[PDB]
Structures are given as C-alpha cells and as structure tokens.
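S.K.: Given next are the chains, with one letter for each unit.
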Amino acid sequence: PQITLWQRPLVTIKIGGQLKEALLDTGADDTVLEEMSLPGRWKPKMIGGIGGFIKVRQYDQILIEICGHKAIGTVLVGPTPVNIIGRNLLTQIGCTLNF
Amino acid sequence: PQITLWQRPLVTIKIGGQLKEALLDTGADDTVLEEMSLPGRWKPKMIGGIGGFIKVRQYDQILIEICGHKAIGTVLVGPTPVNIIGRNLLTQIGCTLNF
Amino acid sequence: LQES
Ligand SMILES: CC1(C)S[C@H]([C@H](NC(=O)Cc2ccccc2)C(=O)NCc2ccccc2)N[C@H]1C(=O)O
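Protein chains in written order, with the authors' numbering: chain B, 1 to 99; chain A, 1 to 99; chain C, 202 to 205.
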C-alpha cells in the first residue's frame, strides 16, 4: 500500500500465529515487540530511545509476516510503549519514504 | 523522491538561520529538537518512548524548512538525543510510506 | 526513535 501520516501507521503483523498491530517506524533501527514468547535462545542488547537506554532480549531469525509479507529477522523483546517495526524489516518488505 | 531505509533517514532542516539535521520518523507524533530557545511562550509537556519520559517545551506554529520544503506546526524543545521530525510536519511536506 |  501507500500509507499517509495523518493517522499513526499501525499495520497488522502476524508473529507466531497471532495478529498484533505494530507501528511502521523509520526512526527506528530495530524491530522491538512487547513482551512475548519467542522461540529458542536470546542474547542481551542495550538499546536507547528518548527516555534513554534499556536492556532487551534478542531473538534471531524470527519469521514475522507484515500486511501479508514475510520477513525473517531479528526481533527484540522488551518494554516498549508499542510494537515497533524498524528499519531492519522495513528494508526487507521494500518500504520507502516518498515525498 | 523515494528515500530508502538502508540507512537511518536523516535530512537537513533549516531552522532559525541554521542548517541542522533531523531524522524523518514515522514513529514520532510530534517534532522534538535539541534544547534551544524559540520565540514565544511554551507549554511544558512530557513525551515518553523507550527508556521512558522526558520534559519538553511545546511551541505552537514554528516554521521548519524540512529539506527545502516549508512546514508550520508545533515543535517540542527538550533534551533529545537527535532532532526528530515527526508525523506532524511529515504530512505537511506530503511524506508517505510505501511498499 | 530507537537507536543501537
Ligand atoms: C516507542 C514509540 C514507537 S511509541 C511512543 C509514542 N509517542 C510519541 O509520539 C511521543 C513522541 C513525540 C515526538 C518524539 C518522540 C516521542 C506513543 O506513546 N504512542 C502511543 C501509541 C503508539 C502506537 C499505537 C498506538 C498508540 N513513542 C515512540 C518513539 O519513541 O518514537
């Protein structure tokens, strides 16, 4: 699609068989989901935002579908206000800023 | 003009004389700027993301020239990591997301 | 915004 910014950019992702709304987020390097059950192992990551830094759990090669589009990347699980879909998976699904 | 998200999306912004650069960010509702002093009165606000909340000074109808193009709107001045160009001015310069 |  073509998504305008007058409304917040929520889209349905589908991770592990459940639907969730995540935000299309260009200000973000990574994809940061709220606390959930990812499969396998994790490693620790420091990631800062606006309030500053936080410790996340990182899962590699997670298959998340986004508006019926498949990415296989690195998902960070942590305390975010909302589900962030960041640059890492936006490049995967061929997302561009247009003006 | 398609912008790719291979790299963090940073544009020049001309503000009060100055040429600064900011991040085009679909995750931000409002525009936050490095601590500076705008003309007029402000309303204090708390904006929070990852790592929590910070305290900004709201200034309504501030003219930003975002990579050539002008946009009026509210601008927050606070302790931000990076100047952020949010959804507020983005639509103004008719920015959109595609895939 | 989300860095690092
Ligand atoms: C972590 C986030 C992705 S969400 C949060 C957002 N805040 C703002 O825009 C405030 C702000 C303004 C300018 C610059 C920085 C922050 C909010 O509270 N969103 C509720 C919400 C989100 C999605 C769906 C429904 C509701 N900030 C984002 C970010 O750190 O950039």
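Misleading hints may appear alongside valid ones.
Heads up, simulated DSBU-like pairs for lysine-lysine below, C-alpha to C-alpha not over 35 Å straight-line [to be verified]:
id : chain 1 : residue 1 : chain 2 : residue 2
1  : A       : 55        : B       : 45
2  : B       : 20        : A       : 55
3  : A       : 43        : B       : 55
4  : B       : 14        : B       : 55
5  : A       : 70        : A       : 45
6  : B       : 45        : B       : 20
7  : A       : 55        : A       : 14
8  : A       : 70        : B       : 45
Derived from the structure by calculation, the hints contain no laboratory data.
S.K.: Which of the listed hints are not met by the structure?
M.R.: 8
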